[PDB]
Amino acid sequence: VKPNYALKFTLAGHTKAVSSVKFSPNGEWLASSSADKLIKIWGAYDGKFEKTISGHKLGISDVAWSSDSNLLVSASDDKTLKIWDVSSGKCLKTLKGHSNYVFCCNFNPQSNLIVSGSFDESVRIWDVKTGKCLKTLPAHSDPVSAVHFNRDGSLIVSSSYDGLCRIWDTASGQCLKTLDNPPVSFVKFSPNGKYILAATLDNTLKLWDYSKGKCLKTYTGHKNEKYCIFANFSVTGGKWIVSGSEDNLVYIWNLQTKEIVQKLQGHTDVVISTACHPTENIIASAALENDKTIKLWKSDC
């Protein structure tokens, strides 16, 4: 009915706000990115610090794992993305082309492509092996807050401060669908690729039927008017929605009933990022400048 997430570890080491935490697909690691220009790798089950990955010239807003857990991609204010070998920490490629801060990034399931979104209002699609920009999409009219592939890679969902969520055909880069118009600050596909979870800067999360173009669920009670906060589907136990919040809490909702089932207290600044572990009932949360830590929380369900 309800989870019982409790704090198990606090991970200190970034020296500015943490922007994004992500678990590796194989469950072994947590990657964190920060405004301190660094990526840090931590053991997912014990919080053990593994390594620092460095090379960006300005802060990082997002980090993402390849399907096989062997590569990372980071999005920076230095207008580049970087592809990293996680084992060696080496920068394999630098993706140049955006003309402003790169804010969000993701591999496709094949992990032959990276998608990125930027303050320059475009979405770019990149070749992992060569590092070349395959396609530039004039996707929005304000900064692009989030980009995500669906489970077979055939679609990209993007969101923007312009108020729009759009679905793009990966192969052709053409728009398939556009969904008050408050800024859309986060979006991602559900695991089954049937739904899209969208955050808007009016303190609201919404679950959309992609094909139907209709809103099925709305989740409220948290605070989100200012920052691009990540939101998640939690599927390892009970089916929850998880999000950070500008009141410094992690919120967990029952996906079906929309009821808040837990609020996790401990952070001392905006909880900008949360992530759900692929096999265990473990949440990672991270906060901005007044906090700068990552917390690992574990539940029985």
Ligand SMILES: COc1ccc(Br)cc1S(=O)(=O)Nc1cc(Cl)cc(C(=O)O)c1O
Contents of the next structure:
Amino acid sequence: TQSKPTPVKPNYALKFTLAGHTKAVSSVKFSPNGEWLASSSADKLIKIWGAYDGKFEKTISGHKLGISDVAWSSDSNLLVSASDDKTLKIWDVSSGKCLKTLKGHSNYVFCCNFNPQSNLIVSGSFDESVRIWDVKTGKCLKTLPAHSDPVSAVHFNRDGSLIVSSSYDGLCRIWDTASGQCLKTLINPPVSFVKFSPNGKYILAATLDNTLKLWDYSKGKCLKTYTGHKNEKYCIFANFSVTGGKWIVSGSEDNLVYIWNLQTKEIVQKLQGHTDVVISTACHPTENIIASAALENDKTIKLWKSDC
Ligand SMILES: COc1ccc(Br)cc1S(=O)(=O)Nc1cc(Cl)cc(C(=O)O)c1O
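Could the form deposited with the named molecule bound be given as well, to go with the form solved without the named molecule?
Okay, now the whole complex, with that chain kicking things off.
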């Protein structure tokens, strides 16, 4: 009577191409409430787009140099952005206004995230530090001497008690948010992306040898390896697709979006259409929708939808 769905490949297909950025796109993120897509770019702008119809909503401006990353608060009302101007900015998405500018990094800010409570922001920089910021006061709470090369990614776990960071130094580290102290170091190719898994027990890490790995960070054991894409140069995001079939999703330097079966590690789809490196992908929180974004020969975001 009641059965698990019969597994089938997904059928993501291009629905919309979102044009308007004038330099490379650097990140795309769906709002937690599913209504919006935010994009950031080397053109110093953030743009907001409808998640279901791709329709342009607004441009948010104020950074003085290019932006590498943007991230949503849990209530979908705020964004934080990380810029080459050495700052982060907190934005009210409804008004487009900059609420706070977070100063303290001494070089490009590359990555950022709110914690799920969204009272904190974590950032990673070319200055080799991770900073933890108070959203309400806009002040830095802690500076972690996290790495010995630029920090490529930072992510909180579900209850915000842990931060995972990655770096070109070849390390992934797990930090205690409350104290800022290191809990674990996983180890030497540059690590270009990392995030916690949906069950909170694993980390998904990209390295610049064309490889994604799923690690049990407590045990220090690699559970799965995903290959077939191209990744030797850029920090390319990777995602867990949790709405339908269990997939891993990533961009690639051969201009494709790759989708793998989580368990078997087989490639189940490659999405064709971009004309430069796909630097960022995002998975919609409740529907089978992927956003992808590309570098400066392309400069567009594409929205892809699957029936399962
Ligand atoms: C509930 O967790 C997940 C849900 C969706 C995705 Br996509 C990934 C995870 S996970 O946190 O990565 N856990 C996980 C890891 C592996 Cl290798 C296999 C399985 C499996 O169900 O066969 C699995 O659940």
